[PDB]
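So this first bit is one chain, no partners, the form deposited without the named molecule, shown in structure tokens.
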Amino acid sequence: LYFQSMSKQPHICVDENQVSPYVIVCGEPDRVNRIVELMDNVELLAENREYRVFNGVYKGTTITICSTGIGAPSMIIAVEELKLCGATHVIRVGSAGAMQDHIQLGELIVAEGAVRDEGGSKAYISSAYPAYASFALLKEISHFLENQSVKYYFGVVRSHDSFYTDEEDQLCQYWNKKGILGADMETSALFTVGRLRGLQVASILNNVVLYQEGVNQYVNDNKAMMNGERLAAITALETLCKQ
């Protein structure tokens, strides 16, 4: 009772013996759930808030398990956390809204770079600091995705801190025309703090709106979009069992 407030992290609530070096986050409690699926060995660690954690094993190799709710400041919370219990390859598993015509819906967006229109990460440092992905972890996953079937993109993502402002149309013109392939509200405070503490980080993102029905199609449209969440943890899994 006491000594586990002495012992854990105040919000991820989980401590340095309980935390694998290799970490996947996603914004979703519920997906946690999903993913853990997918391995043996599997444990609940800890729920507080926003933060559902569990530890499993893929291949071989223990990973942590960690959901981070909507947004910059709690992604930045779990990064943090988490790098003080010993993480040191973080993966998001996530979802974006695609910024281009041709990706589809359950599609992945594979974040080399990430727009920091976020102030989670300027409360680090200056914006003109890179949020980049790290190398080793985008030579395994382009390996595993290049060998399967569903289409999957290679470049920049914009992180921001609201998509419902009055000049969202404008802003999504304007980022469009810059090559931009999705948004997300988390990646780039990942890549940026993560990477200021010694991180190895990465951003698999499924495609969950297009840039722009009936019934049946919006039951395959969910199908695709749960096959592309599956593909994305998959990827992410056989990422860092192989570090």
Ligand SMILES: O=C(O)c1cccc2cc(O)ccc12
The other form holds:
Protein chains: 6
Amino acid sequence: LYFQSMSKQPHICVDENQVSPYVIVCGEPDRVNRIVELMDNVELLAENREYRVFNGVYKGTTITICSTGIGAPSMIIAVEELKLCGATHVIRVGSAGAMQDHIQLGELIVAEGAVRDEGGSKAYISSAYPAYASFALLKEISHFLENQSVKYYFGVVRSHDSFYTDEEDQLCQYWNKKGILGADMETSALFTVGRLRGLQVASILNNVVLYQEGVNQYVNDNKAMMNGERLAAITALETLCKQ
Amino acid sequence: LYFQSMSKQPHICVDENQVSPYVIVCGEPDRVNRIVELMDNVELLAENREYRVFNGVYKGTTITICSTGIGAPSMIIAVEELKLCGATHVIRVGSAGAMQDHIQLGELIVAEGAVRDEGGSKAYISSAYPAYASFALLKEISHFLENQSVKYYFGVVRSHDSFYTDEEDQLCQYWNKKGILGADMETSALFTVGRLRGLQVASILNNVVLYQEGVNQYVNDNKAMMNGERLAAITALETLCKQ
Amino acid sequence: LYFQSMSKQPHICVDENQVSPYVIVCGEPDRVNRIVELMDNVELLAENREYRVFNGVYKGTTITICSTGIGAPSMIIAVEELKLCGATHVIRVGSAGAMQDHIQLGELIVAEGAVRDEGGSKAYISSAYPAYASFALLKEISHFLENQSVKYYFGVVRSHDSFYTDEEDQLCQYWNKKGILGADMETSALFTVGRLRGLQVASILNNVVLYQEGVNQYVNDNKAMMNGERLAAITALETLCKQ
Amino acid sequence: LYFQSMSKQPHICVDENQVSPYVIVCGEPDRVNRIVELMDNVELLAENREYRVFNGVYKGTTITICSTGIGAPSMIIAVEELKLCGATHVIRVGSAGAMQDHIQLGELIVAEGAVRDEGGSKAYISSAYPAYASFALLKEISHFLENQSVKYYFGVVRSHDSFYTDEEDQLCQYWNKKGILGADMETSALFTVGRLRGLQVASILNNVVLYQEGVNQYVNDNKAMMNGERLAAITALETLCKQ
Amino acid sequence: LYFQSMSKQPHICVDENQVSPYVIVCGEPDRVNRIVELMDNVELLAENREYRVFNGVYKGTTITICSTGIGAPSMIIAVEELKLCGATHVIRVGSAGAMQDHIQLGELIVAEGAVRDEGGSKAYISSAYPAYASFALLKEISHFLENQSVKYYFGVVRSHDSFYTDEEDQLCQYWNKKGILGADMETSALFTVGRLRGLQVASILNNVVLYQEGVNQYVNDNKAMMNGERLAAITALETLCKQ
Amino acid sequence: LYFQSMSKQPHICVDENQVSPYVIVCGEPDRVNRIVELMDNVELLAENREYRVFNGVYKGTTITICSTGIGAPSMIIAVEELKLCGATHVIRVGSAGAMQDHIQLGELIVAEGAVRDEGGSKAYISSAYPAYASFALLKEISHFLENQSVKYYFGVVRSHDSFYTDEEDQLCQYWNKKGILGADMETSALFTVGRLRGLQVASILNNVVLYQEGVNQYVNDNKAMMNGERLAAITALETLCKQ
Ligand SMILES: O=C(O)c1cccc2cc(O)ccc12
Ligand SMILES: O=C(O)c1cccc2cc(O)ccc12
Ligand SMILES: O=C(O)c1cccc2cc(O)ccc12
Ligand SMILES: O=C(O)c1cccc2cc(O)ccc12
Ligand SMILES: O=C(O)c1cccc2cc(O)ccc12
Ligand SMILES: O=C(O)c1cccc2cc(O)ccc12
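Next up, the form deposited with the named molecule bound. The previous block was the form deposited without the named molecule.
Let us now look at the entire complex, which starts with that chain.
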């Protein structure tokens, strides 16, 4: 009761004896339960606020799965506390809204780099510092994805703090013209804070919004997005077990 | 199944028929369950990611209780979708870390104004726009609090995107000298975005960190913080049922 | 001659033995003469540049009346020197140009908060710090105004350094859409610098420009504006004598 | 009564039939009365708030003398309205605080350029735009000053919105090291806004503060500053009558 | 004479018939002459200001070699005009000053990402946009370098506009603590502008300054730097001929 | 060989025994060869990258001529190293693109002031610091130019880091309306860094682009630009030999 408040990190509620060097983070707590279905020797570590934390084993490698909620500030809390617990490699398995016409629902966006349009990373360092993915991780992600059939795109995503501003339309058109593939709320914060803490970082995003329907299409789309999530999780697991 | 995706807001997962004009928001999903214990005719509306949404009745007035997770971006999603559902008055019942020496754990900080050091509100409008609480709400909060015994402080809080930067020490000392009472991650975003959407807004914060112990003190402190949370919730409920 | 340069503040030209804790500031030197007509035991304290300084008594309370000229920099000089002389409560009785259609000439705008679009407050502190009015003062201002017949509006004003830029039209439309009630040159500087110096602060503004005429209307409008000024001064005096 | 509000500029309260193309501006209203003592055919044009406006004749040339109060915002109002009245050449006769050790009281600083650390000019144009004095005017100012005995310095001044910030000490040392000669509140705004409105502009500043005393020295210093003011006014008058 | 001004790009002085899709850029004109010594079928294309442009063949692939002078603005001119001439892959072979202790002269820094502390890229796009190297190119650079003996480092470099500011010491220590490997003047501009123009981009830097000597050591150091340059050029050539 | 690396500045490759107090800088290395044709006792000092450095004598005065390449960063390197070598007066003889309709090719723009829209000067000091030309130098430049027939214009130029951005059209129209005479890449950096290093600075620009043709006109235009360059060089030489 008291020894836990002493030993555990205050938000993710785990310690260095529990956290693997290899970690997958995702925004949605329920996604953690889905991801561990792909793994053996699964155990619940902690549940606190938006932070749901499990360990599992994939091809002999222990990997920690951690939800972080929506947005840079909740991601950054997780990244810092995971680092304190001995994390060394962190892959985000997330969702994105497409910023280019021909990206279908359930297709994947692999963030090589990210526009730092969220405030969280800016608390740490000038915006001029690059948010980009680790080469070692991208190499394995590429090797895995090129050997299957679902379409995927490597490039730049935009991370931001709100899609509900009255300028959303203007922003979407501007960023589309700059060749941004998709938008999320967290990738740039993982890339910036993680790199500064010496972590290897990457981000694999399931497309869940078209750039721009009946019950049948609705069901088909849901299945496509579920398939994309599964592919993203598998790609991350395959990448991390090879480290 | 399909009609819900049509009718419900995509994150808080409720509609205009469900949401009261009067709303309490909090960061912690489990706090919603604690708050509704103070209310009658309670019903679960939605549970999605960090958004846990209930209705209850307090002295004849229906009030919606909504968790929002940690950080401005998740708060802003909630504020926007609540507005779309017909919210008119929103009070944050939250936690803060004290920025002045003599603020004890479980004492309350009522945010008259907030430093906009989070990125979320900046997506909407120049930082020069004031984050401040609605007079109508502050009047009722003051009237209630002055008639009880727990210490409370009206003034400025700082809202930010990270307490884990290497400059945290420098920031704390700077802001202490400027007379800031406490820090959180969300108040300024509620105040800025809410006011811009025409909402009456306020924020009542339970102090959960001293500016600067045995098992006994640990238990005493936990009780004090629980008492402070309860007081904050009651103050918000008393304020909203009088609108 | 020499002892005065030693004892008096260098711009307002008064000392701590002269200044009341309770102060009204206004931009126009001649307005001071008009305000003291409402007061007893009136005495001229100092006249220097745009700073015209008088004491008077209103319902048994001594209150200092001080002009400050146009603009944040001249206001800030006054605020700092008044603070040094022992001021504790300062109310601005000023003029504004309306930023909403239905605000008539001589109606009052009570600034709950202010957009810090002037440079003066920015010299002191990041623009993210809120410019807002003190609750204690707003409560008394509201109580007084609700008991009379002239229309008044509580909300946000914009303070700025120039209404003569070629973008004035664009600014007016932008700020109108954001729900700003009116514009002046000084309120945000009083609110920011005053709060930082530990002063209770408020601002009551007479509307002197429509958002958007014969000799008869011209005379009627002048009378309306004079009536509004008188009401603003009375409201400030009633508020301060009750402290 | 009504025709005046139609014809006169709203702050300086004069029209195009009254204002000379050649104008001296100063902060202090009482300085206008002192300056016109050096001139013939003097007439009071207007008195409104901090704006005291006179015409006089110096060596056959009619020149308008206009006070502007303290600070960029009140200066800018004057510059804009003078421009509207047909001003073409404007010289500031002002005061400065020295930022270098060996500048004595009553010695003159001629601003070749100015640091735009005031908000007023920033309302008009990016800070990257240069605040500098007109060559035609500097040539005549130099020609006049080199032919007399009081020490004077050509170079950069800093214009700002407050000398009362808690960082004043840090600012003074920083700017001293950058070779700034002196500080005022208005020069950069005249230079920036005036140049943008197509005016020839210059600024001659009487030093009134040492960078860093008995009744005797106090009197001697006052005389020195009065002599410096007189020299500055004469230099401006000699320059403008030669245009 | 006249047809050339019509057909050739105005600074690099070549056209689309001359430029290969595959290009090496370097700052030093004389480095171009050294690089082409490694190539067959070499021809001088143009010589204009700091832009010295040659074609050569390396393992059957035609590659253009182009000097760009020092600094982002001259680099950006080259990138834009090369793009207009049909460039698709551009590798910078440059020099850097080390920002970490154990990087020896003539060891290589491969820029995965770059801090955009130069103004050139900022003319195009918000600093929040990432300056990073293309995965396809990094994969080949890594594959080549891991198969030889000279030490090399993948990571972040800082690109800037001056190493001669009085804050150079403070900057070096700050950036060293952030884990930056080395500094140059151009990499971030190539990465930002090149990516925006749809180019594949990379940067291989020869270390020419220790983070922190007799005639013998001087000669040894010069040889080491020459060997490093040669290695960098070979790596770029090997990478591009495989595209 | 080794003593040179010890004694010479690392980019301009000259020392204090070689550099005159009086210096002309230009962007184009080949322009140095053209300028020295106007001079006696000419000697090549150094050739390194874009830096071509010669001494010559003009009417008994030794003057150093130094090319600097394109852009602020390469200019700033030259300014700093020239200062270290004992330079005291530096005049830029450069090219500009006209920003006003009636400025013909080969007419001269004398920069009184410059918009600091390049990053190089910003590395040194806040953009609010003025980039302007030295009075002593402008006086002599004016005296010389008024006594000949080629049209010339004194006023503001804009210095920037790229003319190839997609906003070039918008920028040109904006700056044209603000009365900017012409644009280059270096003037503001010379003015800012040079003034901070205590140098007397000026800039004389040959117009080489109309704001907005057959072989005959092409040849006529080339001659006009050559004549303008010659005039600019002569003006600089006449100015410096009189110091
Ligand atoms: O359990 C599955 O095989 C599965 C099937 C469908 C969707 C899934 C999504 C995940 O994130 C993980 C696993 C799945
Ligand atoms: O259920 C309670 O009475 C209670 C008791 C203790 C702590 C509480 C905190 C809340 O937010 C709400 C209610 C309580
Ligand atoms: O003297 C008055 O009663 C009066 C009458 C009319 C306008 C006034 C304006 C003031 O600011 C103060 C007083 C008045
Ligand atoms: O009236 C004077 O001769 C005089 C004498 C002394 C100081 C002065 C200052 C001024 O600005 C103008 C004139 C004077
Ligand atoms: O010519 C060489 O083999 C050589 C030898 C030494 C250094 C070199 C540097 C280069 O950039 C290219 C080639 C070399
Ligand atoms: O050599 C010349 O007389 C000459 C003739 C034509 C153009 C010139 C340009 C220069 O920069 C310098 C000299 C000239």
